[PDB]
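Before any questions on binding or motion, here is one chain by itself as structure tokens, the form deposited without the ligand.
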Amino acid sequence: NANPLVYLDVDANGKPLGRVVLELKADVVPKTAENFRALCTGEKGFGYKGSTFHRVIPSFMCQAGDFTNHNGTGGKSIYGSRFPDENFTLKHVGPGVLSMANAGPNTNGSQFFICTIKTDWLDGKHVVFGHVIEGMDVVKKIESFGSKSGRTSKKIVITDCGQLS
């Protein structure tokens, strides 16, 4: 009864792809959910609005969240530069899983990915913290702009984001 809903409105070269709505599993990972929630509202003075999907690999995942460097090197959490792996209770079960990117154990900041396949080799290494409620079609559009190196063929921008409930 207390899982937040947040949204990302996404454009590719200025054309609207639509809205991704995410349920954040605060019932399982409240600290990880709270970090992402506040980065969507921007209430700490920084967050995801105007950042990009900077690494998109077809048949794998769409990665975003580096709102400082727009390239995978940056981002930060609301708690500090990084925060621990809360738990690995939720698993990478299939497309639409929302999970934290990282740089090894206990290095969560703000970068995240949405899976487009079951990525079960990431279980126990990346903290799953939500899923797509609405807009998997938008995720599939983002995925279509990826490449095997992760370089996107269009500039994929989160033009708006926030908390719905």
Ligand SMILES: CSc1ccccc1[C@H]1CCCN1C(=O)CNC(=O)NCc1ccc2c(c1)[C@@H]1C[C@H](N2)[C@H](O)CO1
Contents of the next structure:
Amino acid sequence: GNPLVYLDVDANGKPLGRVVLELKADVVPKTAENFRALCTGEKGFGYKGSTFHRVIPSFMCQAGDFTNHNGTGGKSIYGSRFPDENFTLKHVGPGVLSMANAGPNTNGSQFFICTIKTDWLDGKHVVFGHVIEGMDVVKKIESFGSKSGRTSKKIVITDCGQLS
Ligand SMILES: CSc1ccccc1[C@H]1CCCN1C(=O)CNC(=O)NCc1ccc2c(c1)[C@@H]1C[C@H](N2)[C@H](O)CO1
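Can you give me the structure for the form deposited with the ligand bound, which would complement the form deposited without the ligand we have just seen?
Shown next: the complete complex, the earlier chain at its head.
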């Protein structure tokens, strides 16, 4: 089966709630596993204590740079970067979970949760899951963003892990 993972998110030290994500290990097992292990922190590093560095209303919420905290970093459980597994899953609408990148075959740890259908990203960013519950929390994160992507509050992943 597919893993269920979670992100507990805060804004300036105040809890916003929980985002539960299904990771599509049935379609992209390598990409799903990388995200799963970064949530648990079982490799000695991961998302706990990192931020949503770029939040653009009516687009997406981007996070996962746990090394540089500015959008230039992060790393995968495999190494600094890994190939694009496939582009089978599409950016069909809000709640889609997909890999950020610096062009072809540059997946690391940065990811984004869509707040609209981002179909122009199909075949360019690897989709590997979706929001199961807590889309209201994603909308709360979205409200602290701007068209520049800059946030009005520091959005932190205070805790994360695996549910099943
Ligand atoms: C900016 S709004 C926009 C507009 C059109 C389309 C998309 C986007 C945004 C939002 C959706 C995903 N998205 C983006 O992905 C843009 N790109 C990066 O941020 N790139 C930074 C990055 C990420 C990941 C890795 C790196 C750099 C390298 C390579 C590798 N991973 C190593 O682990 C660390 O350094």
